[PDB]
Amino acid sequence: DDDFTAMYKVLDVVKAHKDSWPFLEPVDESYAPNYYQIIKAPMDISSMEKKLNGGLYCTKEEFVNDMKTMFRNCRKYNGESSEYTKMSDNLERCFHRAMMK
């Protein structure tokens, strides 16, 4: 199957994972004060899904880079001990495995 379908299947696997729910929509400062002063390259799953449907992932590498940015932002903002960082780590390992199939 083609790259678009391949990438979309990976999104579906990531979205279906139990720990995906914090990452589904753009970060809201209601629960994350000063987020956009701290994180200058924000990313979330809905935004990736919009890019994918809009034809903006010209290569799989660009999709990977956005996914990895979303995880890096979570760790940077929430810190190493956050429950959310643990979720990010779990989701990132799931993502790596999905990406290789």
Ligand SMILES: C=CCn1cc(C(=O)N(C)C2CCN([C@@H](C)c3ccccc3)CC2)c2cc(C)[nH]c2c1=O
Contents of the next structure:
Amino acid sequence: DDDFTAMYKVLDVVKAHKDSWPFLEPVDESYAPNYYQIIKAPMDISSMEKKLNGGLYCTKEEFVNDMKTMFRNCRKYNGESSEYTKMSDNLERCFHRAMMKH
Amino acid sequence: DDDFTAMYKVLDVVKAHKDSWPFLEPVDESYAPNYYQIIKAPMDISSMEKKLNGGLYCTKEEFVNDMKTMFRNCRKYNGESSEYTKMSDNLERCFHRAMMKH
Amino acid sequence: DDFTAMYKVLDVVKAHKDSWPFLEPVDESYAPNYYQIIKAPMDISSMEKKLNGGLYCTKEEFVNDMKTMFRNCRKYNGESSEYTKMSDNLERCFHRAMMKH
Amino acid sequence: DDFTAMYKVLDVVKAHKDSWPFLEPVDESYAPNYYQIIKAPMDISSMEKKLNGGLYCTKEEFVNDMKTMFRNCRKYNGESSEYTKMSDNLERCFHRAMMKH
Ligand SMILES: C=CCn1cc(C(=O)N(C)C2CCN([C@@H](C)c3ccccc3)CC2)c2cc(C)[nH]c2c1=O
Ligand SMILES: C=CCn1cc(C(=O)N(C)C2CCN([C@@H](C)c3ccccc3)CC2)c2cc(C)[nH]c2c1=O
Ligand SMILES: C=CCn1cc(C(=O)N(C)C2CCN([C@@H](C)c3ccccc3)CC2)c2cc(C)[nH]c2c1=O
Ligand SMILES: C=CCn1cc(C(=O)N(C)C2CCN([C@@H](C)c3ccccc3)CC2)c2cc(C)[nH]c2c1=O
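Target state, the form deposited with the named molecule bound; input state, the form deposited without the named molecule:
Below is the entire complex, every chain and molecule, led by the chain shown above.
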């Protein structure tokens, strides 16, 4: 198969994970005060989906980088001890297994 | 062929233009004295890139308004006869061509 | 020339489906004591930095860093590892590209 | 087109009185552990090689390499270094040239 199909299958697996729900859409600032003042490059699963379906991921590289940002942003904003960060770790290990499979 | 994909393609075209380089990042005040005191709403290509990839442009209207602001700030601070203003007219024309294509 | 050739070859390698574990320096949280075991770590981003920094005088000097990158994988993960299968895939791709460019 | 502009800019930059420390990759004998500290080394000769090799599609990557050059200087030598004064001068020079060409 090809890189598109692989990335599509990976996102589907990631979205299905029990802890994906905080990462599905862009962060609502009413739930997270000054998120966009703190986070310079916001990233979420729906934006990755938009880029993928829009033919904007030429290679797996820029896909991994966006994933890397989504998790970096979580850690940065919520802290290492946050419940969101535990979920982020779980989702990261999920993204990793999926990459290895697809 | 989606608002997101269209805006992504447009920004890429704009960044590639010969005169985009002074609009790529937020204005360095060391090159433009008291820029931030004069300009109430600063805007640049990297900020718009971050807004787009963050899922913050619901419609093209939102995007056009930021672009309008970016060029308004240039004319305001540098004046009609400035070399920056010639560049900002060229880039505005570039923004327009891209919006018609994508 | 050699410069442009080395440039095109890294691009081909990065584009390969199995390049993603070789793109950045190894995260020790995924590979315990990697840096204690591997004495000369190498990754695609590091070679890109050397290339762009004018640190590759020869084509050979560059080919040795690539070779080290695959050697390190085999050494650390073993012959039967899933990483080694991807390393093999990335290696012949590298070779195919070197012959074309 | 963008080529000619970037070529003229580099020529102007190379001609500047303070360009000489930035012309070639850093000699580690003058700067101890430079390559251990600086992860992305950049210099004018490397930028010339990329330009002449057709690796700058747009002015954007060219500006980014220039930004790296100066970032490296500041990082390694500090804000109060004589090299950093030279770096500021060369940056002002890069800027005038970019406006002209
Ligand atoms: C870790 C991922 C990024 N991230 C997402 C947050 C976030 O967005 N949330 C928790 C919710 C807000 C409401 N939404 C809507 C769409 C929804 C969906 C289903 C049921 C109720 C509400 C879901 C995500 C959030 C909130 C803080 C304080 N920090 C963060 C944060 O870092
Ligand atoms: C193959 C050669 C180099 N090599 C890389 C490893 C490695 O580092 N990885 C596989 C991951 C680490 C985390 N990153 C992040 C950004 C990521 C990417 C995609 C999904 C989740 C997380 C990607 C590569 C790794 C782990 C072992 C046990 N041996 C190795 C190893 O020999
Ligand atoms: C600022 C730019 C990058 N940068 C270059 C250095 C550097 O390499 N130099 C200054 C010289 C070394 C030898 N060469 C030769 C060609 C030469 C030229 C003229 C007289 C003698 C030798 C020129 C660059 C250097 C040294 C420190 C402590 N930090 C740096 C450093 O940050
Ligand atoms: C045009 C729109 C916004 N705008 C940006 C300016 C600005 O910031 N610049 C032109 C530079 C500053 C330094 N950077 C670096 C990375 C650079 C790039 C190329 C060569 C040298 C240095 C690029 C933008 C600037 C300066 C005045 C007097 N008015 C303005 C101004 O209205």
